[PDB]
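One chain comes next, on its own, written as structure tokens: the form solved without acetyl coenzyme *A (ACO).
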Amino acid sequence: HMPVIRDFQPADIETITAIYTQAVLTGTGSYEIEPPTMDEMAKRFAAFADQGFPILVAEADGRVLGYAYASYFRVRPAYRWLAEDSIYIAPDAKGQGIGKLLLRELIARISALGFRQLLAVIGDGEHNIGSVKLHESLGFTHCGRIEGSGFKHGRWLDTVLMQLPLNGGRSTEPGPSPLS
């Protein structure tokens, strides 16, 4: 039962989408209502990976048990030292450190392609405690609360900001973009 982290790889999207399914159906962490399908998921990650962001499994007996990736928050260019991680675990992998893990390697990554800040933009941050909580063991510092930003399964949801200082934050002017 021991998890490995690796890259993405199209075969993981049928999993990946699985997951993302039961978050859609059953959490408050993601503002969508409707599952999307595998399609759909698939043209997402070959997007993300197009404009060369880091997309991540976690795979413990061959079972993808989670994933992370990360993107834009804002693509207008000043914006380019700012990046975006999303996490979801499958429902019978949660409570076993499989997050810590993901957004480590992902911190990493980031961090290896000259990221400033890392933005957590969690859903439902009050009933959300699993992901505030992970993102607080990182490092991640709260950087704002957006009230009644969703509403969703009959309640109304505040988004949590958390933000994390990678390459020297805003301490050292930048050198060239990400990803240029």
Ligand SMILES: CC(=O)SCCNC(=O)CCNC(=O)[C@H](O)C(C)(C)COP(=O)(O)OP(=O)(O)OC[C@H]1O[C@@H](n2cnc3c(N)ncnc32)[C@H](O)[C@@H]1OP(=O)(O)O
Second form
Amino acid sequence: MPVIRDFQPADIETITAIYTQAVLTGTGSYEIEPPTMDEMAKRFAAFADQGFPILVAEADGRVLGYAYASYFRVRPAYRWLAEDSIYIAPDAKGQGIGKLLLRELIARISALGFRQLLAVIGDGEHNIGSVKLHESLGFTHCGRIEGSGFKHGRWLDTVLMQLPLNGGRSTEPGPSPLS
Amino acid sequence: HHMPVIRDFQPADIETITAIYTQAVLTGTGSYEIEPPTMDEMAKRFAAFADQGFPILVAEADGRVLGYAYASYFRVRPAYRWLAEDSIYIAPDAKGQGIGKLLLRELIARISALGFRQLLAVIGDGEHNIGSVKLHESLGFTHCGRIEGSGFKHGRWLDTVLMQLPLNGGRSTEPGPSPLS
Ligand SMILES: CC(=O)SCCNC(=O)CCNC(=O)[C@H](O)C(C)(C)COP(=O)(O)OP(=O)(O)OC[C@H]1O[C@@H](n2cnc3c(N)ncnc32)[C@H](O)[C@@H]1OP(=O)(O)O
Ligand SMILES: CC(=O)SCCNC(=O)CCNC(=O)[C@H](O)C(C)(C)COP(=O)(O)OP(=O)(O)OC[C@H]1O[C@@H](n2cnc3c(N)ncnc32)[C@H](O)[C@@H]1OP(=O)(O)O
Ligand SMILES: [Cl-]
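Output the form solved in complex with acetyl coenzyme *A (ACO) next; the form solved without acetyl coenzyme *A (ACO) has already been displayed.
What follows is the whole complex; the chain from before opens it.
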């Protein structure tokens, strides 16, 4: 059975391999050239420095996928809004590993006191698995930026979905998370 | 009132632009900043937009800058290279006079000329900032989403309203080379 745990620096090689394959063959990522392992490490060190959780799914000593949270935008009024990203190795897809990862990410983001979790889903018309995954964990549709991306010779839509946490906007906020 | 003219931003405009933005940050929820940036930070932001190649425009009458508008990236990853975002701020005593429309119309023309295919408006506190929504509707932007409770400012939860305008055919044809390449 797979376990969800925190990202550890030794994972960065596999995670680069997982993300590299997503960049090259998929449209969930709007990057075109795969980042280097060092660049991936710098990106993850910035997230952790901000205080955001970075999680990996591991079975039989191998990293099956990863998910992390970050800011949608950084201006201070946005400080109760987080964004999720999740990538699963192709040989591990369709096994329930995405939902396990995202379920735990929601719990961590919720405990940090965020009020909204945003999915910015690249090529949402085509990446049905991403939309279904988020619907299955209670995200609701909140917008669609048409023709926001062009990659592999076609236009891509960005599907936006959000999940309220800790009462959402119906209650007064607490202190800023990560403050 | 003398007709405002639209021209490219000049570095010496930054003092007035900072004054305009400061008043908006302090008294309004269109911006999700809380503490107003300094004039030197504003200068650095505008230099960076201009370095990327984005147009920055001001409306000027009787020697005074009455408002400004600029474009920038929504997000910087390469597949987004045909998507731009607009920002526009008008001085309080110049609002409701068509200056926002004059500036945004010319920004659309300049951004279209660069080969972008979509122009995105990310409107803070859309429930309250009707002027922002109406300005963008009046120039053909269509609603494309609403992030509820995206901001908290001035004691209130705020919704972000998203609107977009296709340019040069939008997503109906293959794009040209990346703008600003
Ligand atoms: C905001 C974001 O990060 S969006 C994701 C961006 N990342 C990518 O696009 C990278 C490539 N894709 C992936 O990494 C993965 O396939 C993901 C993230 C889309 C899903 O991860 P998975 O491990 O495959 O998901 P998991 O097995 O937990 O099931 C996901 C849910 O969506 C459904 N689903 C998963 N894959 C598919 C698919 N290809 N087609 C249709 N439905 C699918 C499942 O049925 C399940 O919901 P259910 O309760 O109705 O059964
Ligand atoms: C993505 C963005 O940048 S959103 C804007 C962010 N900026 C701010 O919030 C700062 C504070 N507000 C402002 O700077 C300005 O008021 C703006 C930019 C929202 C609008 O600019 P203005 O010059 O006031 O608008 P302008 O007079 O040009 O009117 C544009 C259109 O919107 C309409 N409109 C403007 N304000 C309102 C209002 N409060 N209620 C109803 N309609 C309005 C006008 O009737 C006009 O439409 P029409 O030509 O069909 O008659
Ligand atoms: Cl000058």
